[PDB]
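Encoded as structure tokens, the following chain is the form deposited in one PDB entry, with no partner shown.
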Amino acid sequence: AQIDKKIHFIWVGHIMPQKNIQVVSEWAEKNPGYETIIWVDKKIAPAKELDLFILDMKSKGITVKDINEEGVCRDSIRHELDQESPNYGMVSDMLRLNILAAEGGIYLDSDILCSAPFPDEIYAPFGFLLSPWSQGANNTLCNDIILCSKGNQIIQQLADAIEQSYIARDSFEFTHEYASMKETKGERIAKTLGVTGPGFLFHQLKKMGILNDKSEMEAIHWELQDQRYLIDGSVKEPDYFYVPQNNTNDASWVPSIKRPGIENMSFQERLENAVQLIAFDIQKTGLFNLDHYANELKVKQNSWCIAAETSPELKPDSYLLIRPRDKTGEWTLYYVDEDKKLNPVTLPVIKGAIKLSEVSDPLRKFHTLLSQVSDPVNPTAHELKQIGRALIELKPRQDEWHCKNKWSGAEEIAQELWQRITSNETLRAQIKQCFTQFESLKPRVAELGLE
């Protein structure tokens, strides 16, 4: 069956970095017979920045599709996306299979360069193709290049299996190769690779009989497999893909970062988010890590806003950044204190002998960042992204200009989560295990165990 003439990229969370956009643009330009599509999630995205991004992509002739609008976001995927710190690797691993089932075509990571265009028609014997090449290595297994015909059954089976793998993530034991991988690569990377990544894929392909007994995790031996599953039906290096030695991959999902706007949400909003996520865990597995949710919820970074002028309503204990009326004018940063007083954050004009404190000053670094904005009246999505990032993490030496970020402790939050969950009679009855290391809550987990 013919591979549908679509090239699919995924970027969820904040806005796709410039480097990645350049890569996508190159793929689009070099493969004009294919529709190039960037997939996003509008539900967690920063709305203003995403709007700018979409308009930009339209101007470059790149289609943007939303995972929710197209119906490719399973509940399990929504579940990871709505976490306060999503594993975007897991999300992307799951989404690519659902997109391919729905539309067919070619999934690519945006950290692979195009060294040759695809054939105008690709005909796949089993409606499904993998690359023997990944991250500059030949005769390997990876999941960053996947081709199929719309509605392919292998792709559909993989999508179902990865959903089950993900749902079972908190029962995942670091054994076999993963015991080692935990030690070498760390817990986050090991678990990702095993649950949704090339580890998951390896085991699923073996179960399906697509890889035979001669194939091993770290020695796939494509030359001993059915090469009709491979692009161009061969283990030979494909012409299409290139990476330089000094950047074989981006590992962009590895940092654990809060999703957009967490720091600006109300406690009650965040709490209810956690409650719904826990409810899903309980319904699907009967098991939830209470500490995961509590340890996320306790984090309060700086609240912030970028506006044209004093917002119709001020947020107490936050930063408010005001753009100039003209492209030449200076920005104004305010610390909005707990009583909603605008405290202007300013710096003296310095020259002559350089003070080593001032070069290392958070506020001067911030000021420098603002000065490099091309058009203060019309900042780009990436500019807004960088300024927001700076504001979230800004820690002035002046206590008068420092956000207080007064917030509940993890244990108190966990107690509240426990009460709300266990007060639901249906949920209570569905709990089989609860992971907690909170001293006040271990007892309550024992109490329910008796019941």
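Residue numbers count along the first chain shown, from 1. Definition used throughout: the rigid core is the maximal C-alpha set that superposes within 1.5 Å between two forms. Compared with the form deposited in another entry:
Shift analysis on the rigid core between these two forms singles out 350 from 219, 377, 350, 359 (C-alpha displacement of 2 Å or more).
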The other form holds:
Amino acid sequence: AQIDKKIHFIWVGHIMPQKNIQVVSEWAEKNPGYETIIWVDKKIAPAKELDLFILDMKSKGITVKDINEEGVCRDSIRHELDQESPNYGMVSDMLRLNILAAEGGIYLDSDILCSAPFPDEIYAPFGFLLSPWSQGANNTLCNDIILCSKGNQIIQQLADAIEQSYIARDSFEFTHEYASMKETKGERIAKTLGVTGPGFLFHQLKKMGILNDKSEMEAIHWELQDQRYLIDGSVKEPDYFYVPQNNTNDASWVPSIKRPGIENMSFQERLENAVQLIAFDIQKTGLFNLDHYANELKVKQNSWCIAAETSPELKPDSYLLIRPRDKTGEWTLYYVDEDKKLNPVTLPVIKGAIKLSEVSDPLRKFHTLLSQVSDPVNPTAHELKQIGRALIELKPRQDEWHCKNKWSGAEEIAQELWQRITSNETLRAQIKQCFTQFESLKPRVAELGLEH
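Could you present the same protein in the form deposited in another entry, rather than the form deposited in one PDB entry shown above?
We keep it simple here and write out only the one chain, dropping partners and molecules.
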């Protein structure tokens, strides 16, 4: 079967970084007979920035598709994306299989460079191909390059299996290879690699018989495998892919980062999100992992807003940044206090301060950021991304201009989640285990444990 002539990249969360966009543009330009698609999730993305990103991509002749619009976002994937700090590596690992099942084509990470164009037609004996190359290494297994024909049954089986693997992620034991991975790499990386990444893929290919008894996790031995599953039907290094020695991969998913806009949501919105997420965990696995949710919800970073003018309705205890009316104008930052009153924040002079204390000044570094903006009337998606990042973490030395971020503590939140979930008789009955270390709650968990 022929590999469908589409090259798929995924970027969920905030807007794809400029470096990755450049990588995608190079793929698109070197492979003009292929449709290049970037996949996004409009449900968690910041709307204005995504709209500007999409327009940019259209101007460049890159298609942008939304995972929900196209129907490739399984409820399991929605579950991870709606977390306050999603694991975008897990998300992408799952989306790539669903996308390929639906459309066919070639999935590629945005941290792989194009060394040579693909053939005009790629023909796959079993409708599915992997690369023996990944991240600068030959004779290896990875999930960052995957080719299939639309509707391929191997890819469909992998998509179904990865859902099951993901659903069972709390049950992941760090034994065998993953014992040591946990130790060196951290639980987050080890778990990601084993539940949705190349460790998952290894085990699944072994179970399906695609990899035989000679293949091991640390030594895939493609030269002893059925090479009809490989691009070009060979273990030889493909012509198509390149990375620099000094950056074999980005590891962009490793940091745990709040998804866009969490700091601007109400407590009630965030609480209801946690409840819905907990309900899914309970219905699918019977596990109520209370502390995960309470520990996300306890985080309140600065609320903020970038506008053209002062609104009717302001958010108490927030930053309000006002764009210049003309490219030569000045920006105005206000701290909106807890009584919804505007407090003009003074942005310090960028040129005239050579003292190390002034260089470190949060407000001077902010003004310098604003000063680098190309057209302040019409900031780009990436400029808005960086301004928004600065405002989330802006902590002035002046207390009068510092957000308060008064918020419930972890344990109080956990108590509220406990009550909300267990007061639903249906969910309460579906709980098999609850993980909490909160002293007020460990006993409420025992008392339910025995009720059953």
